[PDB]
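Start from chain W and add chains Z, B and D according to the hints.
4 protein chains.
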Amino acid sequence: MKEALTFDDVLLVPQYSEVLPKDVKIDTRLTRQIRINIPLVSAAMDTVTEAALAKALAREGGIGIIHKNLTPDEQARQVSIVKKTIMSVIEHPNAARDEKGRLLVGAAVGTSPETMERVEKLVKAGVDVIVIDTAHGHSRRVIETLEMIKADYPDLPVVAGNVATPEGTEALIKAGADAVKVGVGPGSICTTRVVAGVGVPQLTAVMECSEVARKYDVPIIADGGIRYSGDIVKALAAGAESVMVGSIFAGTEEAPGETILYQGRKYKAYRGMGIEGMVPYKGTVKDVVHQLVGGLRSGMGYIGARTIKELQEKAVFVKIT
Amino acid sequence: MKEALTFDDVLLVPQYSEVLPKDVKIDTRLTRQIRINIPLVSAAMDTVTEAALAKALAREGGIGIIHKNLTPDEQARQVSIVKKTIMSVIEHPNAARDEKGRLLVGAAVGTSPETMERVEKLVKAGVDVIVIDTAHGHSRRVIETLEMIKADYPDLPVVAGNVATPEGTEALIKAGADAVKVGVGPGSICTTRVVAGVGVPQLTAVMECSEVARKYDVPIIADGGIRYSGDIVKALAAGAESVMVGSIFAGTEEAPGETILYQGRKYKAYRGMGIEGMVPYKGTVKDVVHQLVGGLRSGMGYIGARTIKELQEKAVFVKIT
Amino acid sequence: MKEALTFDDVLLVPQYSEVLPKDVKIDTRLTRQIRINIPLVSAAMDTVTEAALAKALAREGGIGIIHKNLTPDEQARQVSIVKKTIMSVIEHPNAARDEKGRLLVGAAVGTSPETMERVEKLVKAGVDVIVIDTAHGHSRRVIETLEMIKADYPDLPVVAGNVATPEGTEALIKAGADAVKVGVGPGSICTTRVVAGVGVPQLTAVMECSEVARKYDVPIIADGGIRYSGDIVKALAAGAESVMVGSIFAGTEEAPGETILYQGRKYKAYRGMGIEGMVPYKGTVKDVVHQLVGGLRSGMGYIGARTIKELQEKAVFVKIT
Amino acid sequence: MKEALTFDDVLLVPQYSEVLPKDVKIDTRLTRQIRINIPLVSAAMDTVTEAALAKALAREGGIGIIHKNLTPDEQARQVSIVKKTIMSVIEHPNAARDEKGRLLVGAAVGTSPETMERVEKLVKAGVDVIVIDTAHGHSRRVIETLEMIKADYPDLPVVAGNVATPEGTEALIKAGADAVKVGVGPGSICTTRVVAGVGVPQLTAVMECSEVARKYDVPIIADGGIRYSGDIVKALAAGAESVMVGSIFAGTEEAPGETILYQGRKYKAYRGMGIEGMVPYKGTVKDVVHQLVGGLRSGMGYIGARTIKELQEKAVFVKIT
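For the record, the sequence lines run as chains W, Z, B and D.
In terms of the authors' numbering, the first sequence is residues 1 to 85, 197 to 384, 410 to 457.
In terms of the authors' numbering, the second sequence is residues 1 to 85, 197 to 384, 410 to 457.
In terms of the authors' numbering, the third sequence is residues 1 to 85, 197 to 384, 410 to 457.
In terms of the authors' numbering, the fourth sequence is residues 1 to 85, 197 to 384, 410 to 457.
Next comes chain W alone, as it looks inside the complex:
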């Protein structure tokens, strides 16, 4: 029986460095055809990403994936808002933009009967990337949806996932995925693990999947179990070219819910798909990105990596108890 490792099981060994954190480059591929300026993708969750968060993150150089708990019309409207965003431009020099100068944005679809309806409307709204957003990417329905989307929109970037195995990554690449999203049961106490008994710890899932994907020059997006900026360094070091994060952005000003005051503390009142909640307020997307990017830069500094590609080439991990 194989042991599989999570981010918390490992540490990166410091290496010889000639580069300061401020001078490392953190630009990366989202898909084989889309570049983002920082390696951060926001989760297609109804507590995380609508237009306001998506634009706030594109402006910082990442990309938001608009969630699909919306009618196809309203999801398209959200994409449009991001697409139709001069000091405002000058002040955001890292902003991730398309070939026309508009902020990048993505949208999630599933594999249900409205899927093509949704795709069509998202495309016409100017969406840059479609994410086939499912917990079980290695499945007939996801493969066929991917092939249908690809047959109809050959030039449309498609992220497919989620998977956690080399075979799953290869199947999705062979079917036309422009990036593969990795993460099945990441997070020790998540629903999939507890309810289904299913998962692959995320360090191992990233390393084995990225090894297959590299053979095809397809980028891996590591989705899930990112709690700390140190997890991003680890995920990217393990072979991911970007990381999708949810819970971390759920506490920002721009996340969908309401900001409230409770007993001297600021919270972000959540409301998803129903379920309701309240997470600590963490500031703006900008603040959160700054800390995360700060930590990424410092990890890269420690490893002497000038670029994300170098980080992966220079990565030496050790397992800890």
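No lab work stands behind these hints: they were computed from the structure.
Be careful, since some hints might not be right.
What the hints assert, rightly or not - Some residues of chain B that are not near chain Z, with every Cβ distance over 12 Å (derived):
1) 9
2) 16
3) 35
4) 73
5) 212
6) 258
7) 281
8) 301
9) 342
10) 370
11) 436
12) 446
Said to hold, decoys possible - Selected chain D positions facing chain W (in silico; Cβ < 8 Å):
13) 275
14) 300
15) 306
16) 308
17) 377
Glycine included, each C-beta is placed from N, C-alpha and C at the ideal position.
Structure of chains Z, B and D alone, referenced to chain W:
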């Protein structure tokens, strides 16, 4: 020194799937001759199974084992109640029934002097299965009780246990067990482990025992340490064909105790063999089964398993830290 | 680097059994020449063993070691009280007695200048066994003290310890130890480990030490880290012939301190070598022994061991996570 | 993937001893040319070391490193205070002194533009040792700073660090380090690990680094993750010749902050580089040293080590779970 693994030590790796959770089949063998419609057996515990719970579970397609902390007369009466249960029929399409159309039910016996008295009365009450219910199945007294029951009632299905080792499973099969119940010291903080220093972590006990039993086409019932629906997938994936659960059913409406209100919360006031208590109220047997079966279906979905047999053939486990 | 295991790292595998807990024999050697009727020795700690506890335990078939935080005169008086203890006799059939019919008792000495003074007075008080009671048995001073005691009192049973290594056990046996007490840094959060960085987890220390000692037919006493009756089964299964316990007896009526009532609960107000405290009241020595012996019997039952020697021959351990 | 061990993962095995704790020698090298009388170096942290703490520790036989969150002038003044410190002399017989009879003291520098300014002023204030104090010692900037300091002040003892790898230790030795400070990400919950994903557990970092350094007779200072006196024994046993400690000295009378009373308890109100806090008051530097030195002596006693060199030669570790 062998390391032994519990359910919490492992996860199931997701596999290629063409089957939706709703379309997987969860029917299974209880014994070599009895089928149940879901893989759930309720514990022969005086806090878990009397007639009301046993009938509520048979109606959902599982089977209850009436506990033996009762006089042989009263235990027989409880079996009779279940046996003598039209919208009522229509509304429960998954109901586990005998060859005569009556809800299935089991009863526990021990190895003490009244054992045959009990057996006789349970049989005459129409019991479908006898469970030789002991913590130490691999023992002279359990083997002889089993042989005596089998000599007297050759056609009566007999579950014997509990065991945790291949040798124990083989001895009980050679003596006529129709199913072997596996679980000695499952649960990290259970009495047997703490008090006696004795146990085998349950994933390993299921895998080694089921390997022996498969040679004889005898079903393994995994008894103990099931906390979450994900544990059922793991137990069944490890070679069990059903799972016995106690603590999970202890909080239902139908479990023997009283439902009470304490400070705005519902509880199930327990009272066993004395000891007394209070567990959170979890709803009806139906509600609890639905969640458990939901989680089983989803795990099977993830693994692409259409049947329990396929789940065991497609099972790939990884060990986690 | 060797991994070393503690009691909590392992479990005993259940084996074929033809013997009931009530029919196992739990009599054992304390030293090569002294038998006790249950395998329990009380700790030579000023919070655990004076005359009252020592006699209460000898009466149950174990032996108390009177602590040495006393003047040689007062320590001798305590031994005398135990030695000079008819329904009273009849009611305690398991009582551990010397060749003259008096309750057995031991006393601790160190290696400081009064040591021989103490020894002489303890011997004249009728002490059955001397324990050279130190945290570091594998040392010049303990070896020489042992040789001096042995040269002066060749017939006096001497326990020497503590050690945790084969070399330490062999050195103490070669110097005349009649039993070797094993336990350096047992207990995860104990003083020796934290303060000195020193210890050997106790399962491994018992197994390697007992392996050396067996070559010489010298009994190993496992001292420390016994929290539960299951630990006794494990210690004895690992090669110990008795177990020394402190904290467990610290809460009994007979332990030196005062019994007090605090907010509806009974406590045992401790007072040692100064330091002061309060542990939950656990009942009488008799009550505590009964539970411990109960658990030992059940573990032996599970393993099919009729005697302590058989328990060690039938012991199969597995390591758990 | 290599597993790396922290202090908490291991224990020292007790060995044959002929030496009492009080008779072990704890004098050690700080650098290849500076001796201290106990193996304790205080952290160059603004919550730990200014003149008052530095002198209190030199008087006990250790050495303080004055922190660099000060202007070069004020940092020099702090060094001067320590340098310009008769019962006062008699009462401190273990005091660590230079060749002129003055208390030893160190000072931290970085690699920023004022570095040489700082060095010059510290040298003129009579500093005994310069510590190139950085989180990433294995870097161009630290190597060049070290070479510049060494070229300008060839006779000035220079500690360089921090590193956690053989290559880092060798690079710093080849560049003229007089001691190498080891510790990158030591402490399970420290900033470097969480924020950067970077670290090497400290037992392994000490053992591999000291192995390189020994080839050059350069002393390793183990910096970080010392919580208990048992950690010092472990660090020194693993190949370190001294240990740098911060948090432990942060609670002493002599540490920079204010002593306050809060609800019957004494605290040390901290104030660093801003951030503010409050740690439990632990007494004087003298009290804390006594306990630490007590624990070191006892560990050495247990291992039979007369000297720190013997401790390293006699060290047998075991890994625990």
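Verification of the hints:
1. 9: violated (9 Å)
2. 16: The claim breaks: residue 16 of chain B does not keep its Cβ more than 12 Å from every Cβ of chain Z (closest is about 5 Å).
3. 35: The claim stands: residue 35 of chain B keeps its Cβ more than 12 Å from every Cβ of chain Z (closest is about 24 Å).
4. 73: Non-interface label on residue 73 of chain B holds, nearest chain Z Cβ at 42 Å vs cutoff 12 Å.
5. 212: holds (34 Å)
6. 258: With a cut-off of 12 Å, residue 258 of chain B remains clear of chain Z, as the shortest Cβ separation is near 37 Å.
7. 281: Consistent with the label, residue 281 of chain B stays out of reach of chain Z, its closest Cβ about 24 Å off (over 12 Å).
8. 301: holds (20 Å)
9. 342: At roughly 7 Å from the nearest Cβ of chain Z, residue 342 of chain B sits no farther out than 12 Å, so the non-interface label is violated.
10. 370: The claim stands: residue 370 of chain B keeps its Cβ more than 12 Å from every Cβ of chain Z (closest is about 26 Å).
11. 436: Violated: least Cβ distance 9 Å, not greater than 12 Å.
12. 446: holds (15 Å)
13. 275: holds (6 Å)
14. 300: Violated, because the Cβ-Cβ distance from residue 300 of chain D to chain W comes to roughly 11 Å (cut-off 8 Å).
15. 306: holds (4 Å)
16. 308: With a closest approach of 3 Å, the residue 308 of chain D hint holds.
17. 377: violated (28 Å)
Checked against the numbered hints above, the structure violates hints 1, 2, 9, 11, 14, 17; every other hint is satisfied.
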